[PDB]
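A single protein chain has been removed from this complex, and every other one stays in its place.
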Amino acid sequence: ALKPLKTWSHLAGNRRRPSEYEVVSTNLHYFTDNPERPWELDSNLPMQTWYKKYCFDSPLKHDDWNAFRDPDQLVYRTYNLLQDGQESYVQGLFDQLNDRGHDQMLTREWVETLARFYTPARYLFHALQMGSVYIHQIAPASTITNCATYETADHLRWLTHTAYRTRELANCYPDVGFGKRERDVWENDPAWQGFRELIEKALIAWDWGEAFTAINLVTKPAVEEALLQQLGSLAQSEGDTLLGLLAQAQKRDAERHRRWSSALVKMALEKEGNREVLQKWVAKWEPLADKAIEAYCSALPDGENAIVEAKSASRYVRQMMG
Amino acid sequence: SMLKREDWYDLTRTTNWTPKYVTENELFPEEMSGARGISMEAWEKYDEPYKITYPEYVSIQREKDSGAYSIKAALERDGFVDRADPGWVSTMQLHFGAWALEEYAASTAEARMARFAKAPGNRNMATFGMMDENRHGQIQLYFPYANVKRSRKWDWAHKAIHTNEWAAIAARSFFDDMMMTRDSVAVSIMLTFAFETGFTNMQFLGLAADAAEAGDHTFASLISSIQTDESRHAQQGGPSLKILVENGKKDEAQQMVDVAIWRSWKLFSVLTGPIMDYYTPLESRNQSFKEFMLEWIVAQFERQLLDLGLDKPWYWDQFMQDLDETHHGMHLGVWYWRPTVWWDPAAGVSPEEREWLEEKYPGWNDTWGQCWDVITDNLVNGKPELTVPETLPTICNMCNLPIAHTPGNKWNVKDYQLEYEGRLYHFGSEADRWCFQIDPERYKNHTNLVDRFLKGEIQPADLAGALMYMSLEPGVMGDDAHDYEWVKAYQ
Partner (left out) sequence: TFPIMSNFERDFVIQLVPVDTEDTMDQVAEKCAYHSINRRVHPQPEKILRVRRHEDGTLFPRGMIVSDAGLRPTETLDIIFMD
């Protein structure tokens, strides 16, 4: 007979007893087992081809993508503990700011600034939701996939906060057309038209290393600095205490996505030529992120200073990774 | 104060826009999205009937795990597992090996829908679906891991799907076709409607009665937790069908419905039936595998299907008939070929088991009972050796299962062969063959285990060679659950 093991056979010999994280997240994708024929069917279906083209054949290379570990070590159980806690905090804020009548106290120029700069963001957030959900279904290791996992449910979290506040805001200001106009603002407004082309175009980069870089490394920071950091700085000096707080609460999600991106980038630099592969993709996409961030921040109060801080905080993200 | 859900919930799935810097076909390619010439506007007409929003999800689901992990930590040092019936130990080893990575894989099939659906309501419900399946695979690895020092076979909760053991190939074969290689809408249908709504939702309720009846409260709490999540996601296929029936596409919707139920049925007749009729100790049966099918699965299909504007599959009557046989097939296949699976199949043919079997299925002893007559006489006669095999069974080219059917006095075993581009294919049913023929580009150059064998790929090319090919070694390869203890009733 084969003898009973202390852990799984793929974790045997670690010096150290595997964690719940490793126990439930590692070495779980099985399409990577037969690269010449991912799925147990004919080797020429479109999805066999999609997966060989965009997963296996990606210029970003490593011998062992299953060695990756999410530095926050999230599993589903932990993720709901953390986010039920964060949402008690954010729903408490909605509850109690409403009780006070916070929305009734905002100036009319602010109300108008929300309608144009704040609530159409439901579209930009659903889009990074899709973007990160694509990364999940093409990444080469289940521990990578899991990070896009929890990140996607965060993007849906921000969509959600927005749907809700946008309704609260139409209740207070039935004539602004909150709820009715975001699609147009998103479709037609110049302040939106650099983000929109950054993400419509990034949403068709199918190479898992290219989707990664463009969603995580370049689009999400330009979106986070424009929409969380600078619209919520602006909210806060403008009297909108709720958005100010909201945005900093969602930035907590964004910093976590960055901790895992930064770790993946670390693991990529182990292999020669990966940096160059990644620097080339950043340089493809960065110009569209500079467009985004100029169209947006320029239309905001204090314009050029918003542009300049967003551009360099966003770029300091990637700086910090090599 | 807080808003009422009903008041703001649409704005959460008001997320479609008209693309500009890329084209629609570029944003949603048809091989991923599968929108079928139906418009973004027509698809927005899609309406999940169970709403759920982010913060509800996380608080509700935090407390589903609080409970389940709590129940498990509480009974851990009691070790029920070491005292359980061995057809029950084996039901759980089969469960975890066959479903735990397939649960995880389904988050990608969920993600497929999440990215690529043109129904903004599917994209968000598929994002909670994606979550659920993440949980399901994670928990159903965490639970068995508790048992790893008891037996190498519990390592197969992880390892199964990384193997070319035949049952594993049969599972990947199902999942890859239903949910890993289909366009957004095909998957909503094939997977969430056909399989999850149509089979696993009830299977899992039953599965959970049986845990609890067997004294296994950890596994009862486990399975019935995961089952309370199936609705929020299994619902996704319903509304896609309605939109395809209402635009020019009833036939296509029909055709995937037919495909996916046959295939679900076939997986089901090997994975569930064998368990209900032979491993569940006799006095703990309710109803037969067939009674369960007619009361809880089949009625519902006709119900769903009718309200949808769809028809019963062309195969329905035959299907009806096969609830008398197919699993008796897959049972005898498995026990006979026990060293080739990762658990210990339970024969289920004591005298008392046999009169149970006779009143559930009249004819049994006349047909099934025969081979079991022979095999029984052999171990009574110290010839155990003729109760293990010497060749491989013929494997279906569709479900990747043994071709099998009524034996003894009403012998009806048939092979539904098809020659296609210079290759002979073998099919266990008219339906298995029709799944192939309606789409042979999907299946053509796949090779089943027997095929591989015949082609040179399994080396040394003998039984031991095949055991090794399949990653099976003594200590995992399967034997008689109750260790031929039941042979004694015959001497």
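By letter and in written order, the chains are A and B; residue numbering begins at 1 in each of them.
The criterion applied here is as follows: a contact is a pair of C-beta atoms (placed from the backbone, for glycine too) under 8 Å apart; a residue touches a chain by one contact, two chains touch by 3 or more.
K.L.:
Given that one chain is not shown, what are the shown chains it touches?
P.N.:
Contacts of the omitted chain with visible chains: B.
K.L.:
One chain isn't shown here. Among B:18, B:23 or B:417, which residue touches it?
P.N.:
Within the whole complex, the residue contacting the unshown chain is B:417.
K.L.:
Touching the absent chain in the whole complex: find that residue among B:101, B:178, B:214 or B:403.
P.N.:
In the full complex, the listed residue that touches the missing chain is B:403.
K.L.:
For the chain not shown, which residue from B:426, B:444 or B:446 touches it across the whole complex?
P.N.:
In the complete complex, the chain left out is touched by residue B:426.
K.L.:
In terms of residues, what is the contact footprint of the unshown chain on subunit B?
P.N.:
328-329, 332-333, 336, 368, 370-371, 373-375, 378, 386-387, 389-394, 402-409, 411, 413-415, 417, 419, 424, 426, 450, 453-454
The rule we apply is simple: only the chains that are shown with their structure count from here on.
K.L.:
Using Cα averages as centroids, what's the distance between subunit A and subunit B in whole Å?
P.N.:
Subunit A and subunit B have C-alpha centres separated by 34 Å.
K.L.:
If we count contacts the way the header does, which residues on subunit A are in touch with subunit B in the complex?
P.N.:
1-10, 20, 23-25, 27-31, 33, 39-48, 50, 75-77, 80-81, 83-84, 87, 91, 94-95, 98-99, 122-123, 126, 129-130, 133-134, 136-137, 142, 145-146, 149, 152-153, 156-157, 159-160, 163-164, 166-168, 179, 182-183, 186-187, 196-197, 200-201, 203-204
K.L.:
In the complex of these two chains, what residues of subunit B are touching subunit A?
P.N.:
1-3, 7-9, 11-12, 14-15, 17-22, 26-27, 31-32, 53-55, 57-59, 61-62, 65, 69, 101, 104-105, 107-108, 111-112, 114-115, 120, 123-124, 127-128, 130-131, 134-135, 137-139, 141-142, 145, 148-152, 155, 158-159, 161-162, 169, 172-173, 176-177, 180-182, 400, 441-446, 473-476
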